[PDB]
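J.: Chain by chain, the residues:
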Amino acid sequence: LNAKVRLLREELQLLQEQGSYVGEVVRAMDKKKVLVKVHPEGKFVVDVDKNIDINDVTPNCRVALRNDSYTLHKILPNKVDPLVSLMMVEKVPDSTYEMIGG
Amino acid sequence: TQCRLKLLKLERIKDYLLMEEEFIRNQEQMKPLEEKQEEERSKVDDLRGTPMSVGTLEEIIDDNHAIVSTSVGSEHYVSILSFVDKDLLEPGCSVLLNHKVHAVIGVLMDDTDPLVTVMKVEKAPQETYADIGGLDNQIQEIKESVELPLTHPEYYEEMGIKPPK
Amino acid sequence: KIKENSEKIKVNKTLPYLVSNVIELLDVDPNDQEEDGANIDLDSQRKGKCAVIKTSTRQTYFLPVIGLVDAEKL
Amino acid sequence: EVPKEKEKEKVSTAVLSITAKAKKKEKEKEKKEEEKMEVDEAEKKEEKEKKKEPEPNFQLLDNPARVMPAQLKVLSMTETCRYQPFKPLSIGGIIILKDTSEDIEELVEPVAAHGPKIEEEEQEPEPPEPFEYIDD
Amino acid sequence: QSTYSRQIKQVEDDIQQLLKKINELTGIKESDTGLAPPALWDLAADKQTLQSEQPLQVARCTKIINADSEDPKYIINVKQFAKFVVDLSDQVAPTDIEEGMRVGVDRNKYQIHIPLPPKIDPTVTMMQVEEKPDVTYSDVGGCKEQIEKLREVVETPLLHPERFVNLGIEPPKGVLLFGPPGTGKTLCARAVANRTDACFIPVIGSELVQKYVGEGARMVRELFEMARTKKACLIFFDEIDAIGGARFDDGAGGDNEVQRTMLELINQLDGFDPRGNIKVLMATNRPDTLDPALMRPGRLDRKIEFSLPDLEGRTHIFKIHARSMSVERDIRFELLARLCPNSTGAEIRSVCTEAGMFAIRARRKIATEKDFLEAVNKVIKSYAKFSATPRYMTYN
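Protein chains in written order, with this note's numbering: chain A, 2 to 103; chain D, 21 to 185; chain E, 2 to 75; chain V, 32 to 167; chain L, 62 to 457.
Calculated directly from the structure, the hints in this document are not laboratory data. Each hint should be verified, as a subset may be incorrect.
[To be verified] Here are the simulated DSSO-like pairs of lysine-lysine, each with C-alpha atoms no more than 27 Å apart in a straight line:
id: 1; chain 1: L; residue 1: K82; chain 2: E; residue 2: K9
id: 2; chain 1: V; residue 1: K54; chain 2: L; residue 2: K82
id: 3; chain 1: V; residue 1: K35; chain 2: V; residue 2: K79
id: 4; chain 1: V; residue 1: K76; chain 2: D; residue 2: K51
id: 5; chain 1: L; residue 1: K124; chain 2: L; residue 2: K134
id: 6; chain 1: E; residue 1: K11; chain 2: E; residue 2: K74
id: 7; chain 1: D; residue 1: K106; chain 2: L; residue 2: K82
[Unchecked claim] Residues on chain V that point at chain D, a partial pick, calculated with CB under 7 Å:
id: 8; residue: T50
id: 9; residue: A53
id: 10; residue: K56
id: 11; residue: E133
We treat Cβ as the ideally placed atom computed from N, Cα and C, and that holds for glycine.
Pulled out of the complex, with its shape left as it was, chain A reads as follows:
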């Protein structure tokens, strides 16, 4: 219980921030800045924090950002592509051999 409250005083000052954004990595550059495209705002070339995640430099991974310059946070484990999303929205009827059968 003591641990929970100890943690708690620090969190309030930590949380004070300019927000976050979610983008995806198109490509990384060799110099360790990554070209990522934030989905609602523009594309940015900006660096990674290596205290949290080194997988954020890997291309074609949807990535979290924590704003303070649009700095990369970690890669989000939930990804999507438009091709899968096409199948999903329609909810196409799927049917077995019997229906056609006869």
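Here the structure of chain A is known, so what remains is to put chains D, E, V and L in place on it, guided by the hints.
T.: Using the frame of chain A, we list chains D, E, V and L on its own:
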């Protein structure tokens, strides 16, 4: 054969040698590139900051400016600043700009569009020449246009005729 | 005393500054609009002449308008 | 250690490396029949001393003691043996009779001023210093 | 062997160490300088930076007012679609300001440090244009009377304005190139432009027309205006067959987009302002398509037909082509000319080409008369059916 090999080894060495000799020796020297040059590069990184606003170079104009449309949905009039060369850049490339004051820091980005990918469909035939039956000659006349200037352009240029297309 | 209050106005008068259009001109009195009841009375509408202005940046802004700017044009 | 003294050593180190590397790298000899290699790179580094330990000592805890059975003698008004408190077994060693000072008060040995009877035996002289009065 | 192996591994290894230098010195990101012309270019830009030019957001002057704050006041609308009331700087000199033209304003304090250059509203048109290249007359077929006639029109007044003024005659603006393809209408247009040594603007008819209605009005309007301001312009409107067609509407899209470019060119040319410092050259294969407005003079002073050549002219196309080639002069240029009459400029070059095809198969470096004879009899019989000329010449 021997003269060609030595020439190639030298050419490769000269680009390397010269570039390098001036730099390190000027670091010893008390007035030329020395500290300044190493610093100049550091100085581009600090000035640009993070983030960097991306742009595409439509054209460079010879007046110390270029037209780069920034990724923000408005156009910008950039100046050759933050140590950059106007003529060095070739049209259609994506460029990196310092947001704080509009300057092209440099070129490395393309940011690849899907339109080029659709166009480039590489070859790998089902059947191909020399597994096709009869009328061998009929293929050979086609080669005159397509194949033969690719295989040997030499015959065509020496003859001096318009290259068949 | 006019000059101290206007200085803040002067900085807003100087560049950068936007153009917008006026959705409504309310132009209500600085004198009592209604005595609010509830927990603590007083008036909450202590606003003078007001205008609801629409910026051309697709946001809507509320603003107390000055008395020096002619009312008629507005 | 003083910043100025060490600043001299760093500066010296840096000049030899840069100057030598500058000529060595630029020269052309590989292609030549001289072959001392077109590139030769030149790095020299410095080292700083580390904590000294002349002959083993026994270290337990943060150390309010630290001893070795093999003895050396040290002079009075010259404790350069900078004692840990609560070592009675090291001050005077285990009681002296090799010195002028012979114990007649046995194993009382504070880590501060121990001066027992100097009249029992004489094995060495004893200059008086009026210096403490002077300071006074 | 050993010496070379060693040098390869070493040089490459040196580039890795060098990598800090590669970026600053050569370019390719982080300083793209060599600091002979950039030291100058950068230096001048810096003073601008420091006050209020950079970041310079492109905007344009919508109107000149005198309301709110100073007597000079302008309403500029940025390309994010918000208007701003801005000031005017003498801090650095405005040089290109005009109402409706692009002007530059700052994002920190919105005031006009410097206007953007004249009518760069389409950046799209300007990039593609070549500026007066050198085409040799060893590939601009024939000697011919046909070549010479265009030059009097295009080259002489620009080269010398001196003469025209002295007599008190107005100088040439217009020429119409019309006739079926492969007669080198494009080919000649280029050659004479360099000869004259005046600025060359070629533009494609298809590029004038773009998706939306009235988008096509923006590019043409601004191209004609840009042309007038610069010193000596020739706008070579290239190949308009159905991209130039007569006004009609179908109620599905209509000819609307096509006529849009057309009409824009009419409004600024005749206008209430006349054609500025703009010369015009038209290439059409179909005058049958064109609007009655374009066909009358004031942009089409003289009509000249550059079409299929004459019997003597075909011999001259052989002689000019032979100079480019390194084939025999013991091959009679004339024999080829008689064997294939009623052949355009393109067809005579295919004969030379063909002659070479037979030649490569045989494995000769030099073309023969045997290959040549064969090449013309195949051209007269086979090629005629495909040829462009019966349908284009009927329109012409």
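J.: Hints first: check each against the structure and report whether it holds.
T.: Do the hints match the structure? See the list:
1. L/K82 to E/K9: 51 Å, violated
2. V/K54 to L/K82: 18 Å, holds
3. V/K35 to V/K79: With Cα atoms ~15 Å apart, V/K35 and V/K79 stay inside 27 Å; holds.
4. V/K76 to D/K51: 26 Å, holds
5. L/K124 to L/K134: Holds, because 9 Å separates the two Cα atoms, which is no more than 27 Å.
6. E/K11 to E/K74: 22 Å, holds
7. D/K106 to L/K82: Cα-Cα ~20 Å, so holds.
8. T50: 5 Å, holds
9. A53: At 4 Å from the nearest chain D Cβ, V/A53 passes the 7 Å test, so the hint holds.
10. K56: OK, holds: V/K56 within 7 Å of chain D, min 6 Å.
11. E133: Cβ of V/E133 sits 71 Å from chain D, so the hint is violated.
When held up to the earlier numbered hints, the structure conflicts with 1, 11 and fits the remainder.
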